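Colleague: So you can see what is in the structure, the chains are spelled out below.
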Amino acid sequence: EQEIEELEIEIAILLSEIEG
Amino acid sequence: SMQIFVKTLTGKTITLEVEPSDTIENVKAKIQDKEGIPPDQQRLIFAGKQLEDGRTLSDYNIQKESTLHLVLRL
Amino acid sequence: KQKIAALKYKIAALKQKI
Ligand SMILES: *C(=O)CCc1cn(CC(*)=O)nn1
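Residue numbers (the entry's author numbering), protein chains in the order written: chain B, -1 to 18; chain A, 0 to 73; chain C, 1 to 18.
Everything labelled a hint here was simulated from the structure, so no lab data went into it.
C-beta atoms are modelled at their ideal positions from N, C-alpha and C, and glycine is treated no differently.
Any given hint could be a false lead.
Pair ranges (Cβ atoms, derived) [what the hints assert, rightly or not]:
(1) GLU1(B) / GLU16(A): 29 to 37 Å
(2) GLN31(A) / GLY18(B): 25 to 33 Å
(3) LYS1(C) / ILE36(A): 25 to 33 Å
Okay, derived cross-link-like pairs now, PhoX-like style, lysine-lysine, Cα gap no bigger than 20 Å in a straight line [what the hints assert, rightly or not]:
(4) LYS6(A) / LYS10(C)
(5) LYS11(A) / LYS3(C)
(6) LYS63(A) / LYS11(A)
(7) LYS17(C) / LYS6(A)
(8) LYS48(A) / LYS3(C)
(9) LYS48(A) / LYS15(C)
(10) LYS15(C) / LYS3(C)
(11) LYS63(A) / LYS6(A)
(12) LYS10(C) / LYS48(A)
(13) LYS48(A) / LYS33(A)
(14) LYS11(A) / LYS29(A)
(15) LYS11(A) / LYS10(C)
(16) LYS33(A) / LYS11(A)
From the structure, some residues in chain C lie toward chain B, with a derived Cβ separation under 8 Å [said to hold, decoys possible]:
(17) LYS3
(18) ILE4
(19) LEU7
(20) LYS8
(21) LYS10
(22) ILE11
(23) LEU14
(24) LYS15
(25) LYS17
(26) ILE18
All chains, please: the whole structure from these sequences, using the hints.
Modeller: Here you go:
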């Protein structure tokens, strides 16, 4: 569960940067 | 006064009615009303960073029709 | 482990977009 959360954070960070 | 969008990793978009001066904490409260997700379980991400609860949408330069990204936390 | 592999795959693809 903890490793899934950390990867989800990375994905959201990247999606939000690409949109910037 | 304005709306913003909150997108999950599961392909869902949530529309929120907000004010520029709304705090991130209040935004998380609004997400709880739409989704039932307690604010302590929400990570909100914008412009490549996680958003701190005490600041406002304006402080983070979140504008009308901006999209935040929601990730659950434990 | 499959969920993890799928997430890493997406991360690699997103890092290609930027
Ligand atoms: C939490 O992240 C523990 C590790 C884990 C492994 N899986 C299945 C394979 O991805 N889910 N969570």
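Colleague: Determine for every hint whether it applies to the structure shown.
Modeller: Against the structure, the hints:
1. Separated by about 36 Å at the C-beta atoms, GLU1(B) and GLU16(A) satisfy the suggested range of 29 to 37 Å.
2. Between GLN31(A) and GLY18(B), the C-beta spacing of about 27 Å keeps the proposed range 25 to 33 Å intact.
3. At about 27 Å, the beta-carbon gap between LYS1(C) and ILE36(A) stays in the expected band of 25 to 33 Å.
4. Annotation: proposed proximity of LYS6(A) to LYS10(C) holds, straight-line Cα distance about 16 Å (limit 20 Å).
5. A threshold of 20 Å between alpha carbons decides the hint, and for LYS11(A) with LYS3(C) the separation of about 19 Å falls inside it, so the pair holds.
6. A threshold of 20 Å between alpha carbons decides the hint, and for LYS63(A) with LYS11(A) the separation of about 19 Å falls inside it, so the pair holds.
7. Proposed proximity of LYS17(C) and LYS6(A) is supported: the alpha carbons are some 19 Å apart, at most 20 Å.
8. Among the hinted pairs, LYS48(A) with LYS3(C) is inconsistent with the structure: their alpha-carbon atoms are about 24 Å apart, more than 20 Å.
9. Pair hint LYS48(A) plus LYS15(C) holds up; C-alpha atoms about 16 Å apart against a cutoff of 20 Å.
10. Of the supplied pair hints, the one linking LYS15(C) and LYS3(C) holds, its CA atoms being roughly 18 Å apart against a limit of 20 Å.
11. Using a Cα cut-off of 20 Å, the hinted pair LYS63(A) and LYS6(A) holds, with the two alpha carbons roughly 15 Å apart.
12. For the given pair, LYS10(C) sits about 19 Å from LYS48(A) by alpha-carbon distance, which is consistent with the 20 Å threshold.
13. A hinted pair counts as satisfied when its Cα atoms are at most 20 Å apart, and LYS48(A) with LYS33(A) does not qualify at roughly 23 Å.
14. At roughly 16 Å between alpha-carbon atoms, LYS11(A) and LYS29(A) fall within 20 Å of each other, so this suggested pair holds.
15. A C-alpha spacing of about 17 Å is found between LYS11(A) and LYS10(C), which places the hinted pair at or below 20 Å, so the restraint holds.
16. Taking the CA atoms of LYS33(A) and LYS11(A), the gap is about 12 Å. The hint holds against a cut of 20 Å.
17. Restraint check, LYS3(C) versus chain B: the minimum CB separation of about 6 Å is within 8 Å; hint holds.
18. Hint on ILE4(C) holds. Least Cβ distance to chain B is approximately 6 Å, under the 8 Å limit.
19. Given the 8 Å rule on beta carbons, the hint for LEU7(C) holds: about 4 Å separates it from the nearest Cβ of chain B.
20. Taken as an interface hint, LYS8(C) checks out: its beta carbon lies about 7 Å from the nearest beta carbon of chain B, inside 8 Å.
21. Annotation: interface hint on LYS10(C) holds; nearest CB of chain B at approximately 6 Å, less than 8 Å.
22. Of the supplied interface hints, the one on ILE11(C) holds, with its beta-carbon coming within about 5 Å of a beta-carbon of chain B, less than 8 Å.
23. Checking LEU14(C) against chain B by beta carbon gives a least distance of about 4 Å; that is within 8 Å, so the hint holds.
24. The beta carbon of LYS15(C) is positioned within 8 Å of a beta carbon in chain B (closest approach about 7 Å), and the interface hint is therefore held.
25. About 5 Å separates the beta-carbon of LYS17(C) from the nearest beta-carbon of chain B, less than 8 Å, and the hint is met.
26. Annotation: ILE18(C) was flagged as interfacial toward chain B, and the flag holds, the nearest CB pair being 6 Å apart, inside 8 Å.
Checked against the numbered hints above, the structure breaks hints 8 and 13 and satisfies the rest.
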